[PDB]
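Next up: a single chain in structure tokens, the form solved without the named molecule.
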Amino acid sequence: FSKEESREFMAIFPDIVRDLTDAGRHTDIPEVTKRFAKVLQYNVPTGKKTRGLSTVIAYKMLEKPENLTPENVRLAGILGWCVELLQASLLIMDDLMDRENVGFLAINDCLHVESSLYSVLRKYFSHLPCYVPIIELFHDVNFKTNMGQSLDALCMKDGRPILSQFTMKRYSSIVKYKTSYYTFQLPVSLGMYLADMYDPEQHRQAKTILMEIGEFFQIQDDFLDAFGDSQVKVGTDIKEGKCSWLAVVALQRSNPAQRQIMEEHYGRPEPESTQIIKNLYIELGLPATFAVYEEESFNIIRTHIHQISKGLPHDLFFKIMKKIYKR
């Protein structure tokens, strides 16, 4: 993203904190509002805000050039921060399920941070025609993300992976509901609504390509968890018994002997068991299978983007595609 784009986006964050914790209200509960300021400051604005900045870029590429005022680009930035509040709530839920001090999280902090995005939406968007579509989008994406988290959990029982559950159909459903809706659909649909693009067929056209990009994003992430260079963090998907693309394709390709290695060694704490699974992935040619998928999926997605109709700009989707595939 541009130096200008990053600086104007980051400049919004302190306002959102004041809006949620000060707002010149002279609160009767300053101790807990000061704590909530720290929860927001310590968890929301740090590292890459790729979903938030992607909301701004989406809007800038969908809106009429004449309507790209500083005021409208700032509203796009505020929507991006609502996406980052959602992201923060989900990472807090992950931190809590993993497991006072600086960086302490309360169990209800994830519910509280999630709820806060609706206060931001009400403050800035309640008088604009895009308001109800935007709040309904957040409601629907929230519900779908929760269903994705539950589907992922239904691949584990008594701390053991249920390998009978590791199908490509279930995997595709987990990625779609748990990740693709809030990561890929939400930023683009927000940009479209702020640009007063309400046509359901336009949103459906964007959705089809964004779910395809989302699936490759997660498959690449899964591949690199096992086969990536740590010095470019250490992957724990095998140890944690995750429903990974690697595990799903391993089970498709496995003979009975190879399947029994997965049953015995997948989702075990012992480092030796991780190396046994990695050795099986190498034997089954999962790297070559990933290489073929990467090429074939790139070509199909590029084709669908070139074919994008309903008055949608293809360059927006190419920018996203190029970002994920690193063309």
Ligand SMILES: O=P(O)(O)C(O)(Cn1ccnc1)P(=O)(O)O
Second form
Number of protein chains: 2
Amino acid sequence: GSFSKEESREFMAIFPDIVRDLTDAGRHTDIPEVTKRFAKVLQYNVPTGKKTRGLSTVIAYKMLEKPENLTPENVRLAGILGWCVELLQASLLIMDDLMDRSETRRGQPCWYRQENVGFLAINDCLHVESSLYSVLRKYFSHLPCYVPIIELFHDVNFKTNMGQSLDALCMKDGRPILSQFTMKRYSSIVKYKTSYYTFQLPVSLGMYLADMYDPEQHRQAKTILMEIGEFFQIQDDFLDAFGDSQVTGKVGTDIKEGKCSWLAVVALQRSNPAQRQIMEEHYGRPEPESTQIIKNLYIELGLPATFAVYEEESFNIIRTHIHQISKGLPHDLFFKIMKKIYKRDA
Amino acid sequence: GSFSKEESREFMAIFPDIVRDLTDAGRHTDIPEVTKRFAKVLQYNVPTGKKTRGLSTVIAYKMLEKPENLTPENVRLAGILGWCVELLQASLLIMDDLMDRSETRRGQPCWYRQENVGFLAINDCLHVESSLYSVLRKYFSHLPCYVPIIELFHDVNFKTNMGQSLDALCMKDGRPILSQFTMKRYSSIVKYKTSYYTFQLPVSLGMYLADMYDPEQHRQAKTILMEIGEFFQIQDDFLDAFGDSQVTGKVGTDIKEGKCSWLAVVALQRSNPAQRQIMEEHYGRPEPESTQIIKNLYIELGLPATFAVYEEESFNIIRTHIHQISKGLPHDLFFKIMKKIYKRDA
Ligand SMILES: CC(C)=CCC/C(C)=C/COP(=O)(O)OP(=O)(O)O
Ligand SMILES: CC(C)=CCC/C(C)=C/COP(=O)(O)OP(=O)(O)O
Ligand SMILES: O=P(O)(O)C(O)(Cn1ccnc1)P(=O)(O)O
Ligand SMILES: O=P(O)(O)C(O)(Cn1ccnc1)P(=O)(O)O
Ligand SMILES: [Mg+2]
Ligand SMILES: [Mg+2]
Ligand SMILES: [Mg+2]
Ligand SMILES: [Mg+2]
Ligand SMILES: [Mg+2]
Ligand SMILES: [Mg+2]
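Now show me the form solved in complex with the named molecule; what you just gave was the form solved without the named molecule.
Below is the entire complex, every chain and molecule, led by the chain shown above.
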């Protein structure tokens, strides 16, 4: 547990085998041009993030499984399951960068902006997603958890798509629909676009690999992880406006794209009539000066301190909710996840 | 069998239930804005094609299953399985139209060109694909064929992505790689981008729903269906240059996008040095006059008559190969598929 350097190195050591499995490395193919290119798609887009979701899968398994069952082989299976989550993440971010007209991801150009990619990034998005099911078939097809694991990936993929769609409906006729930027809409967006795939998916996979199918245990885990998910996406929204791109690895676009971000929702709650006028005039505009005006309003409204205090109070509340978790569910699993993301700058 | 009007009407009657299943029609949702929009995504993009692949799934089942097992309920399951193939087709075409910068699909604007879609079509592509697995879980999760069916969809999706990628690598530095436009490259492209999902997938699904898992029966079916698939994509390539858009429902882009089409490959085989120079100068150019010059060369080289004769000879050869099919595999299934596509103008 505790997302150590050793934990990261054991997880990273699996990645080259995932690439070999999906590119027929060492095996005859009639289409080597595609398998060689797909190696570069995977190497660019999959392994250079924080790997929070992959590592969370392994830590969940290690803390849920009986100690006597934690063989090197079973721990490797959990790591492979973690990489399947990272393949879903990689696919989502390729598509998300196209939709958000983003510049940088993980400190390199967004994949769609690279030479001879463009709209081919759409196919690469689909290709990376489809590839996780090939890995699942190879290593898990013989196990009782196989169908539960596949059905969970299918369901989380569908839910994430619904979330990406609601996120995108922030604008119509080139202006943001500020009247609809409520905390209710915000909670709905982040539940579907982030919480299911980021927190619910890793822990539920850990439970399934340990042959834990109890509906009440899954429901209790889900309740806490959907709260953690909302908290995580609020942190992401703060990073978009106030993050250092040299640390976050990405340049923010939420203001220009007119997104229903936490900062936008809270700005509208805290705004006097004049400040509301500034949002209505300058939010979701292409002009750099319009973005700077909105950032200046965010600073004037004290959004940095408001976020800082919200993050501390939300951390305390989630810790209270974790204390209420029963069954055999280890509290320390949820505490470790929270400790890993709390007050993050990336 | 025989793709009758009655067959089409029975298949079409299932579609509204597929839409209701994927949009929580009659059920409470916290995100009605997305479920209502997704109804319009499905209604626009899924049901207005020829439905050859969906209908082929039903006809395969009806000709492989024991007559006493062809209850209305089992025939409905085959139709639902057919609609899962049509969801995969719908997803592929949304993405393919973005990548091919196409104007029209099924006699209406390409989905990405509609108001307030754009790059959101990428998400809609992913959403429509993920949705077929929800339908599979609802109606088939209790059946022996469930895992075989899921694994076949996963494998065919991955293969189709590899094919879309090879298709896209026709150009580098804005010029087509005419030296690589060989019949060998062509056969590889169409095997992956068309044959698996168009012909192999429907018949293999029909076999699985009839609990036919014999590896040799699947291999024999695959051999004929990969031949039919290549034949079908050659017909598609002819339609791109010489089709009537009022009949095909789509405007061709292969010449402008510099595609390794059958017409391009055969043009290069049949071209004298001067005619080769015309391809090298005018193939894969944005200027309308460049496209017209290539179409004029195609007419001069007699590509219409060359295609017409190829189609007749290929039909005869495939019919010979079908005669060689053994086991209990019904020859009439493969004959019906060929009769449905032979000399098509759409
Ligand atoms: C060279 C640099 C500065 C790289 C930045 C790496 C980084 C902090 C990525 C976040 O993980 P992710 O990409 O998986 O995203 P998420 O925040 O959604 O977990
Ligand atoms: C109003 C008009 C003219 C509509 C055209 C309909 C049509 C012939 C679609 C082909 O089916 P499809 O879209 O499923 O494609 P494919 O050729 O790949 O089967
Ligand atoms: O803000 P987004 O939702 O676009 C983002 O968090 C990615 N994402 C997409 C869905 N869930 C998360 P990112 O800031 O990484 O570009
Ligand atoms: O020619 P394409 O491969 O792009 C096509 O056939 C679609 N497609 C994509 C993959 N297989 C078939 P369409 O002419 O319908 O645009
Ligand atoms: Mg983004
Ligand atoms: Mg986004
Ligand atoms: Mg963000
Ligand atoms: Mg096309
Ligand atoms: Mg295409
Ligand atoms: Mg075509």
